[PDB]
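One chain follows as structure tokens, the form solved without its partner chain.
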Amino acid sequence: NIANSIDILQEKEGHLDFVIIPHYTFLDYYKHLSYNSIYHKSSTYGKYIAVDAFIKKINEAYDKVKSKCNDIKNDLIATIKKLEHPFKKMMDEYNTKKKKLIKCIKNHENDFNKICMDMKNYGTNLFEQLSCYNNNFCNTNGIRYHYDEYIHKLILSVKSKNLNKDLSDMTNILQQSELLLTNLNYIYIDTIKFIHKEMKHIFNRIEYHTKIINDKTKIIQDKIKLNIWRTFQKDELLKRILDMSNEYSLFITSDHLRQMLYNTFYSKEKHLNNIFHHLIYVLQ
């Protein structure tokens, strides 16, 4: 049920985007499967121009289906903006406008599924066309080219950051809002309560995606070492290409979402600090 697996992003104020997590993972999986299958042989490596153009075409089609939910999405932005710029009517309004966005996504599910299946059929056809001269000595050069091109730099980027310290910094910010809210004994209190509730949900999703990143970074690093500078039997090579495509897709989904949610958290934190300023300095 994709209704329970949708992330909501607000990277900048007045903006809203959604990610149906199972579709993001699925499209990314067949993207990695497509590149591994063509990079395997020099005679097929040149098909990257056509793969890049097909993936671009699939992304535009997916975004065209997402655009069908734009009026409902913009209606939800207007309510969030009203609830953040100072109540039960507004909180009721927010809950039913968010439910409407999830219903709109759910109403066009087969449209998304049709696009996901085009990507699967494309990735699977290339994967089925994978051939070895000797099915006992299948080279793994394609696994290395695809890892160097699409994965390696994301692993380095992750390892250069302290994602656990980022979580700790976010809990410190949330605790300071709780402290301010506790000792505040108004309409401003209701907006401080609503913004803090959004930030805590955003934080819980950041912590969820961060756990997946830390786990898949160790797994990708260990598994790449076992699947390169070696030959495999054809069936073993195919299974290890599906295994890596799965590992990469789970990692990339969480990495992309954690960054989008991190931006969403600090955009709401900047707005909350302005409310704290107007309430303390310009009001009481």
Second form
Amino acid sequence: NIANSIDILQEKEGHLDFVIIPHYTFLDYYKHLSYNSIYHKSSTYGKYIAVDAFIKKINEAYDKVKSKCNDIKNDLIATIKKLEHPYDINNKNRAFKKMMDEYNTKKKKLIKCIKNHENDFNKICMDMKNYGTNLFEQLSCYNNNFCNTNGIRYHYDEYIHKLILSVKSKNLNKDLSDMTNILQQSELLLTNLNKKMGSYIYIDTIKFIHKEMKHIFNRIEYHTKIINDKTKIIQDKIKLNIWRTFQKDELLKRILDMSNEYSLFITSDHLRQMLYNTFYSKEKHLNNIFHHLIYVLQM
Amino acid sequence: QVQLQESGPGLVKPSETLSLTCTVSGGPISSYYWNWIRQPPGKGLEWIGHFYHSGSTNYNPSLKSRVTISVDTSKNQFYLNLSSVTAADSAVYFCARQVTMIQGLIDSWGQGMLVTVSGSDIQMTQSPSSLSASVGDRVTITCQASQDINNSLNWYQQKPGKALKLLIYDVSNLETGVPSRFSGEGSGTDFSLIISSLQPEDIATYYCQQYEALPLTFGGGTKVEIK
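Go ahead and give the structure of the form deposited with its partner chain bound, now that the form solved without its partner chain is out.
To see the whole picture, the full complex is given below, headed by that same chain.
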């Protein structure tokens, strides 16, 4: 059920998007399969212009189905904006449980709209699968007992290696400690706020944003573990699949194995980056509320 | 390469169902689109329907009440069953392979087989019906759609006695191996196929085809000959 495999992103204030994780992995898998299939032979390299154009057509059709939930998604953005801003004239200062109920109800409607369009998304996914497998089935060798692996090598060098270097230049585990330190600082402040104030609207707003940041952190932690596991696996596997020959059936298996590893890595790297953006966009607004409490109001 | 071959009775009585088989070789039925297209003598190409994604079907609404398209994955074949048949169903029947509807081009066509029987559509206006030109002449064939079809337009070439083949896809993209003297232009409702300098090997019938909406529809065709 894709209803339990959707990540929600809020990369900038007033913006919200969703990713159906198995659809993102599935589309990315067939993209690697399509590029590996045309880079296997020198004479098919020119097909990359067609592959690039076809992926854009897939992305445009997929986004069009996603846009059918825009009114429901915009209603969720409105609710979040009201719940996060005490100065919103519509923020009626309702109990934290009532705030959570409204937000969960609006979020449920977005997930229901997404589930309602599953068939539409599936038709697009199945076309991307056909596109990639069509090229894969065309792959050929002069001698099927000595197939070249230059396509696997060229594809890794030109499409994947830059992504591995980018992850290795970052310190994803230190990003996790930095986020945990921010959550702890907000938790210490929140307890101290309750001692001073009774049933203050800022306590409810801070609890609301802090709860959202805890969930974003958990998803970043979940995706970071996949990134760390997959960066090592890809580096170890790529060495076994290049500068050598394979029998065609084994070459085909290696291409599918590599596409599988790349898609799991890419899915989590892409989602971790958007979730990182979301965490810090929420923390800026939360820190603005802290400064308002401490330095604007004396408190 | 993937190859398609039609087979079945060439003569059908009005009391019998027109029943054809397409045997696929060089590749599997799998989740691809398996089409049946027909061409009544002297008339244009008519898309009958397709089986796709390992279980679904889209039929032309003009034939939907009397058509079935099915597969047998163990034999790697697909079938056409057209009932309530009349002399109007006499046509060359083609089976054709298609990979996606996102980019609705037909990439493999069977040679075709003659079978003799004893308003919402996007209308593709192709012109001229026939053309006669000298070697080195510029040739412009037009396709005008009754509705906006964005860039969802393809061109096919049918050389004498050969199967139809993809020439240009998505208005201006050349299929692999097609010479640079061919080009395609247009957008929305107006499209053109241009042969900058006609060569003897270009003698063929050309067809435009839209995939913006179902049913898939084709232009009436343009026969090009040397004068």
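Residues that one form lacks are left out of the comparison. C-alpha atoms forming the largest set that superposes within 1.5 Å between two forms make up the rigid core. Numbering follows the first chain given and starts at 1.
- After superposing on the rigid core, the stretches of 3 or more consecutive residues whose C-alphas move by 2 Å or more between the two forms are 87 to 92, 280 to 284.
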